[PDB]
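One chain is shown next in structure tokens, namely the form solved without its partner chain.
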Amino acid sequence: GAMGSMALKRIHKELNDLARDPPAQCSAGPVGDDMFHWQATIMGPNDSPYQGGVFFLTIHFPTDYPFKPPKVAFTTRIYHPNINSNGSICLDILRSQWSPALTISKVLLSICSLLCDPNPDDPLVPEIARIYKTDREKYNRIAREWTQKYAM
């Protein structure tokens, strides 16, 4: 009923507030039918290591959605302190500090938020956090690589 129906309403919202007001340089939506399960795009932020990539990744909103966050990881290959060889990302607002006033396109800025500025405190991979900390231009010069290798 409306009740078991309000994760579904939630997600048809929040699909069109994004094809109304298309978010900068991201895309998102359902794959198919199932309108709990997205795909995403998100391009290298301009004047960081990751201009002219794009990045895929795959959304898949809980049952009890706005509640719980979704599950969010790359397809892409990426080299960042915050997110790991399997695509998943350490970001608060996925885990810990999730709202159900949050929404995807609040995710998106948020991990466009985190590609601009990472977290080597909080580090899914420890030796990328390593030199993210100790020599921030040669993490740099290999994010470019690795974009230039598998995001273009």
Given for the second form:
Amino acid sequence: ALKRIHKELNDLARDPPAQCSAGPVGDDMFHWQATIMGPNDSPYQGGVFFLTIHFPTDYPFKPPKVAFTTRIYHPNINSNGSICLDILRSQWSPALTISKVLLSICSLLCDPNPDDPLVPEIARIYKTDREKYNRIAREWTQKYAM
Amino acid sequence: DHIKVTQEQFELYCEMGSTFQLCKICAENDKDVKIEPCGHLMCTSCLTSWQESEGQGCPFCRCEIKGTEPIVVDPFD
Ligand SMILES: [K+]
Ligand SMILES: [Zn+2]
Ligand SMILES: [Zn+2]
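Right, the form solved without its partner chain is done, so what does the form deposited with its partner chain bound look like?
First the chain shown before, then all remaining chains and molecules of the complex.
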């Protein structure tokens, strides 16, 4: 796993993602931190969201574990920061870069998948009153992400 | 079957801080195998580790593997 994690860190230095960064916490190459700027096209706009990334010993044949640190209001992300995203479980492929994972998480912030929710009550609001969902998401961004 | 890195491939990978011939799954071994029909290149132990991990299809696109062709990539230099 080390050689692949090492190339990921180089790849982020060579080609920094837009509005995303990640890198190891201290001396442990298997525990990283990430930051995501709330996409401008979403209710998270203006927010700065922190994440943890844990690489398992069998990475990249198993996905890294990625979770929000920053509290966020979203149908696919629960209060523990767990993220329901297909490429992090059943749709994982070893060739996905950390950069593509982060960009997929940003797309998920722009466009939730409410029919495969982690938080049903939020998904319900997203499917029914979108203006309300947006309102609440902004207030949470403003409260915890700024 | 031998594949020779072109100059433009060499320039591309330099700009990305790597080489064409390096397997991008492990970032350790060079690519020894071509998967069909998709054409994705990787090393054999990565293909093997993928299947050993319960992974499905091609390690890149997860498409059915209809064939595996041994290959050798000759670096540009
Ligand atoms: K390194
Ligand atoms: Zn490999
Ligand atoms: Zn493929």
